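Enquirer: Based on the hints, put chains B, C, D, E and F in the right spot on chain A.
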Amino acid sequence: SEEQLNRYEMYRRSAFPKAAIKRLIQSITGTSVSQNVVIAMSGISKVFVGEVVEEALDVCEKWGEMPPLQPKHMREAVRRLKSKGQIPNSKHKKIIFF
Amino acid sequence: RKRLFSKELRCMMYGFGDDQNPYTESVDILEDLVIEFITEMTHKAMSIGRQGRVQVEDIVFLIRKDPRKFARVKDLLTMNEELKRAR
Amino acid sequence: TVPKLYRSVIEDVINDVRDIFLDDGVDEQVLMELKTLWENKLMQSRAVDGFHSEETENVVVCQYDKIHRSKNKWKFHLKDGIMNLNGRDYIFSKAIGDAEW
Amino acid sequence: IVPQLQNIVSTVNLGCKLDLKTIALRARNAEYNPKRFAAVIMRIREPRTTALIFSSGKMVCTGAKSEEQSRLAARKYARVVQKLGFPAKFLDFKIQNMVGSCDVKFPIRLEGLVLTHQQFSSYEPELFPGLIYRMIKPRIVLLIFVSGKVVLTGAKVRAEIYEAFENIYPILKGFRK
Amino acid sequence: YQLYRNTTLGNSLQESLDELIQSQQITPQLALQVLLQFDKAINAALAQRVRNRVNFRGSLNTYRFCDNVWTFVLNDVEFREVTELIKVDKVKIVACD
Amino acid sequence: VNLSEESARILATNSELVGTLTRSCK
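If you're matching them up, the sequences are chains A, B, C, D, E and F in order.
For the first sequence, the UniProt record's numbering assigns the number 211 to the last residue and increments by one with no breaks.
For the second sequence, the UniProt record's numbering assigns the number 114 to the last residue and increments by one with no breaks.
When you line the third sequence up against the UniProt record's numbering, it's residues 9 to 63, 331 to 376, in that order.
For the fourth sequence, the UniProt record's numbering assigns the number 337 to the last residue and increments by one with no breaks.
For the fifth sequence, the UniProt record's numbering assigns the number 99 to the last residue and increments by one with no breaks.
For the sixth sequence, the UniProt record's numbering assigns the number 868 to the last residue and increments by one with no breaks.
You can trust all of the hints, since none of them are fake.
Each pair of labels, with its calculated beta carbon distance range:
(1) A/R136 with D/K181: 40 to 48 Å
(2) B/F97 with D/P330: 33 to 41 Å
(3) E/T73 with D/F266: 46 to 54 Å
(4) D/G175 with E/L38: 44 to 52 Å
(5) E/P30 with D/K181: 28 to 36 Å
(6) E/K42 with B/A113: 50 to 58 Å
Examples of chain E residues lying across from chain C (beta carbon under 8 Å, computed):
(7) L5
(8) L11
(9) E21
(10) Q35
(11) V36
(12) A49
(13) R51
(14) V52
(15) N54
(16) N57
(17) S61
(18) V93
(19) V96
Treat the hints as calculated values from the structure; they're not laboratory data.
Virtual Cβ for every residue (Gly too), placed ideally from N, Cα, C.
In isolation and in its complexed conformation, chain A is listed as follows:
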């Protein structure tokens, strides 16, 4: 239609800027990264945003609300993703044997 073609345009053309993530990663490493790191790390974070919004619209469709996304559907989105191990936290030393 005429909205699906505009939505497909924003699904492809949108990206995080490489001039800021290269500034963001290098504040964590200390020295330097490469261009093929920033190209991949800018691409995984678009999949991760698409992992949340496609699942936060499943929370909103499950409850009785409309397309505008309140933060109620966004804290619930991170809760359901973390219970399936999708959201990694490297500060919780987990233990499976008890």
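Expert: For chains B, C, D, E and F alone, kept in the frame of chain A given last:
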């Protein structure tokens, strides 16, 4: 901290079905989630492989388990190589 | 600015080459003849005014940091050079050169 | 609309083996950086043209904007090698590539273009802001931009560029914004 | 770097060394040590003492690069020091690493 | 030169269409 992903993330939520005009608080939650994800991936990458260096190989091992993200990384790298060859 | 450096480095090389010549076995008057005729030649050239006087193109030699080229534009990062312009001499330690080819 | 050529890449065998140090020391505007690349990079000025001269006597000549200008610049490079002292014959001259660009005078909407021709077009916005469409019969690569500028590359002759543009023009008019 | 011997100090030194080689007071295979010590001395001195900088805007004619030596020939260049302008017609600039 | 000016035109239209009014929520 200011918001470094305020205008970029509003295009992306529209790209996955949200609205043309999302809420500022929802955009803020998404920005915080993206920063936390990038930080976690960078620490694990520094630990795995060459200590103190984050490489594409380390990032690929880290994302190997999740199918959607692994496929995207492989496609982007292959397309980048193809574009360099075309140039 | 030029004779200060010339006096300092000529006395530096004299006080260094003293042991070089006396370990190669020659009289100190030969060292004196070296310095004396060397300042005689600085009189002869007649470009910088200094001490022993009171008693061919424009070449710039230097070192570089980087030479950079866009499609028709050159950028020179030159350093530590001795210019000979209009007959006289000048010194520099840094130079940015914008060059249209 | 006509596509004007912007770049012609040709190659010519001189037939005589060259030691590059005397060419770098004697000839003007000659750049040799072996620890970086193994050829002599000499530029001329009248036709804005650059040659990589190799030690085996093969020469790559880039930068001119027609076939006759590329051939004339290649002859000039051969004679400036000749007059230094090397016996240099103009054995074989072949143009490796011809590059042309044009404006189709309207904005183009690339999402329908990748939607209806996804077999021949690879489009990724983040990596490069352009769509690579590969024509199967001319054998040309076209970078199609949203502003209306198209760049045709990968051709040996002029008529291939002309036939590829006349091929891809009705599709672009069909996908006007 | 043995680049600076074709300066005015290098000219005066080399010709005074030939003046003393003519009177057989000094010897060959000794003037090599004299030039080596002089070159090490000016290598130490020229990057230590001056601390000045001159800027120019050029119109290049020819250039050349070989064995990490650049050499340019500029035409009709003006120099610049603060309130000191040097107009000249044709310059040869030599530079090593 | 063609790659440098066309890169910012994919993002310039990403500030005219999406996100016209800024909202909030209780």
